[PDB]
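Below you'll find only one chain, the form deposited in one PDB entry, shown as structure tokens.
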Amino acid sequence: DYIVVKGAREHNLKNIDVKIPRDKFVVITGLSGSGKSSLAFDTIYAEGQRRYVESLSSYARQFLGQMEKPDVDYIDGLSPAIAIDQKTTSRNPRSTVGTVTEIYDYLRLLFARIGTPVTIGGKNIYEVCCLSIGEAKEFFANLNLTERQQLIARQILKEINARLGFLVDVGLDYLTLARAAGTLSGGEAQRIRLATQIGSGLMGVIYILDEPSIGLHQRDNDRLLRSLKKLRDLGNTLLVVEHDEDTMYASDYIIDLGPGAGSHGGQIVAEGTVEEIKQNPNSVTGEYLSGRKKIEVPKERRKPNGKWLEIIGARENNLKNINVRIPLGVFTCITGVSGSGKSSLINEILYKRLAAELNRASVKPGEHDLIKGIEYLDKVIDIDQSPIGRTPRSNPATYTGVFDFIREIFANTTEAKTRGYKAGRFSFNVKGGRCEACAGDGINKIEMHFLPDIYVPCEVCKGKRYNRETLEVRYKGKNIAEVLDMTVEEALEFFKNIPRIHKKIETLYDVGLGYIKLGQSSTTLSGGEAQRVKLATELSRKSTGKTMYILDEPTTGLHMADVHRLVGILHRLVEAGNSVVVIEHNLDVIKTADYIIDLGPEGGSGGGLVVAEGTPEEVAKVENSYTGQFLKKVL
């Protein structure tokens, strides 16, 4: 009846005791970096999987793999749990939709066990696989089988019917089972990843969802919420780590983590229903929901000054040769249903053509006739929708690029010049200044065979990643280890007289990363922290006053406060005299835009046509687009 956890200290949790109700829709909210993933996926799922795995043999334990033991005293009422990782998964070119969703295995088993010779229903496996999902579902539903065949193929057809029903319900009826899984959009890939594990509902099983609404429109989010409620009605428990308002409004219990991020968070601020969350002043999320603090919609929206970008004959992917006009000098946002073809337009035609024309790139653009107005811009800066890599040899300092400047400054010191030291000796990834015992890792990870891995600190370098000779040289009383061991605010105060580093450190601080350390490993970075680091890396570049920013879904893993900060930054950049084009699904960012280009009205082959275009007030008057329907309530 409860999932009571007492004494949890994983990562940055400050020994919190939480009682999670069972057979409910419990949602964990909080700021980015607060510790929600460490609370759910790193503790509850880890403990459940470890308990279920320890009872198996050595072969099974070494094959499945045992997760690291969480630093939790005891957990009561645990049940077998299925969880989906927050980090997105790349797909091999050979993989298709059917193999990823595991429906291909059931199709093969059905054809092998029931197929009359390899032909069931007058069709071979090739015709079934090269078929639409809705067509396959309606063909399998109306299947005439004999008594013996129906008896044999019961648990084979039931699972296929359930999976196809879920895939139709989420809205993927236009896909084919032979289509490659790597060419799907963000929302389609997210839905496929969900359906791989949640389509066939079990009973008495805890379902852990780590941001299941990535790249999904509000209309798709409503359908997924209805599907999740239907699954929960089977008698399961759902724990959803989300940032959207709809999920909070459609949840029975809300658990809030905070009150900040990093070292300032990891606690529990408020608990209860939505009304209890709103009435609690200590909750930042509750205050934002109640409207006490909100994103300010502009009173007057800027109008184009006669400068326009014209795209003529854009027919990339599913685009039906449309003509789109993007105003220059104003904040432009593009909205559409998941799969309508907005990224396939912008990131595959406009950004590539702009880069080829201005930055002298060598990337082939999309299928289009011509673009008018390229001469009005000087350079193009873009943020892709692809995820960032995670390696132990990476950190914010070496990712945003301040590490090169810091190393050059350290090599410019008198002691380094006397000792004949270059800039490469001060990096832990090049031999010469890295402790050879631990290969500059700082710690040594001992890998077992079936037992969980154990981390032991290095003794030669004490964990400072550098030998004694390199740490001797100090700049302004600090060596490189203490340089990498201070937060962003301390680095901002330290490098205040060096503009080259100060600009990038100020950019990092602006997005809200004043608590992070310059040497924190990338593998330990949160999803929201990694997204904000990627945003700051591109926003730290110099602007010439006539530039175009192309941001593709920067809301991934960002709380309401973080997106408010990003909105403020983008508005300041626009007011400076630059043009920003944002492909967004969050209503808060769109409701402040000065221009909206709407695509749809559906996804897949059914979309690719401009439905609405103009200011948000004018777009809200169009009943054809669901974006207008949502903007009616938002405005």
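Definition used throughout: the rigid core is the maximal C-alpha set that superposes within 1.5 Å between two forms. Residue numbers count along the first chain shown, from 1. What changes on going to the form deposited in another entry:
- Of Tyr74 and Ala153, one falls in each rigid part of the chain as it moves between the two forms.
- Treated as two rigid parts, the chain shows its smaller part rotated by 19° relative to the larger one between the two forms, based on C-alpha superpositions.
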The other form holds:
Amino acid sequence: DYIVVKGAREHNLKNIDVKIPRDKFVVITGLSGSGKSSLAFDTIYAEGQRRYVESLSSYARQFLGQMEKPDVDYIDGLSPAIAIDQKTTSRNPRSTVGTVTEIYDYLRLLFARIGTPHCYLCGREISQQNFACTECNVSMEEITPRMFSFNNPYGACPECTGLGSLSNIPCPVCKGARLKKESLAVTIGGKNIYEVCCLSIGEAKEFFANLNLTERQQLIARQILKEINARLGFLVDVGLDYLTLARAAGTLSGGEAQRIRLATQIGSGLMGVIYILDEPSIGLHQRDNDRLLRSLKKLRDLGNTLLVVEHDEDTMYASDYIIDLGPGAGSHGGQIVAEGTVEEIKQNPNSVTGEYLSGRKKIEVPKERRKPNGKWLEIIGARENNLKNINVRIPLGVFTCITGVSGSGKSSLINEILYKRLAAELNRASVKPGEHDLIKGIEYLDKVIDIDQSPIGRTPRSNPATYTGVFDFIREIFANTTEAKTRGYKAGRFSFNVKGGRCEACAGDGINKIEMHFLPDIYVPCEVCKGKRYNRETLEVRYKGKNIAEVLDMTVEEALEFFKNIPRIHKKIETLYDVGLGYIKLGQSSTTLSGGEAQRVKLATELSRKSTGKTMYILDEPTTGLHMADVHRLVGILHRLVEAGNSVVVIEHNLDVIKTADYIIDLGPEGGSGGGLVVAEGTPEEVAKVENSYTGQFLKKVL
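Output the form deposited in another entry next; the form deposited in one PDB entry has already been displayed.
Shown next is a single chain and nothing more.
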């Protein structure tokens, strides 16, 4: 009936004991960095998978990507668990829609088994010892599934090495097929593998459902066609029927990629299994979230238990049990602050999330909107990607929001066209802009700063000090001391990523890692330098009473007071304090940062640049993996930036960020190739007065 966890002390959890009911919709809320992912994904999922993969093959456990055993006492009432984590990276030039969903492997098998080969020179059928066409004197090699893939030299096109593009233009030889001519002659139903991939998902499902095959080949392909049709049906049902299997995964949007990842791991139809979803609503519109909620309720109805760590209001309003962590974040949180039904969380004074839900704390909506001051910049002939020749004028000096469902072209319109043109005109960047006619009004701005929506990169060689750039100033200050000057030290001596002034027992890592072979690797503290990352010679040089280790092991609040007379350092630390990271250390490794904290570090990297008084701030979904309090702080700083006399445009699905905006531009009216038209454009009240778009309906519902 219950999952009992006792003595959970993983990461920042303060030895908490929590009972999670089974066969229920249980959400884990709280601030960013409070211990939701560490409670669910790092502990419960890890134990549930570890206790089941041991009752399987011994050799195959190594390739499963095993998880380290959590620092817990005992877990009762556990069950096998499948989880979809909150960490997405993507951006691979060798991964497509076919390989991500694994349908391409099935297609390779199907073409290798029951395909019909030919000679690519005359088209006559090839028959056999040697599998060659006797007319053109060409010897085709053996037919195997590894010859229909572009990630090995056997089946990859020689010119582009299976990349597709070789000035970025399609490959002259394969024309984007990525496979050699020999492997493109095997046809099923009149099409080779590339042509079948180029077909839309909806078209391909019916192409495979209407295939005429001999009695011999149907026996072989019965176990392949059924799986292919099941996967295509999952993709269609999730709401992505307009995609093609040949699209690169480096071009998919956030919502499309998230839905692709969701549809793969959900359709198994099991029973008595715990499903763990970590932030399942990133880059998803309100209608996409409602569809996902319906699907998840259907999945629970089979007899499963759901543990979803969600920040959105809609998810918490459709659940039977809420577990709230906190009361703060980082080292200041990690306890079970409140529990129970959403009404109990609303009535619980100690729960910050309940305070926001109840209305005790809220994001202030301005009484009067900021009307445009007569300055507009206009774009005409927007035809990039799936934009159907629309023209929109973006105001200046006000807070602008760009809305619309996933695939409507919000990124393609704002990011590509606007940012690339502005950066080429003002920052003198060497970037190819999108397909458009012209932009009028560039002479009304001075600089452009953008925040992309891709997640940041993780590495043990980077911390907030290096990412924000303040570490360079700190190292210069340390190298400017009299003792460092008389010892010959430079700024490169004080960095743990440069050899010469770092602990050589760990190469500046600070902790040695012992390599197991079939078990997760272990991390143990260093012994030579005690984990200070530096030798004794470096640590002797002190500035204002602290050496570099002591200045790298101090929180942001402490470094704010420590660095007061230095303008650049104070400005950067003040921005870091403003975005919300007033409790994390100045040298915590990136790999140990939560998603929200990494996102806030990325925001503070760009929000700390000097403003010229008339600048362009382009933000692509800034409120991803952020609690309502972080959203409130971000809205406050953005509104202060606007009041300073600057123009800010924000592409957000968050309703609270939208409801405070000054001018809303809506793209739609549907996702994919069916959208690209400006549904509405005006003040939030005017857009709420329009019933053609779901965004207007939600805006008028909340107002």
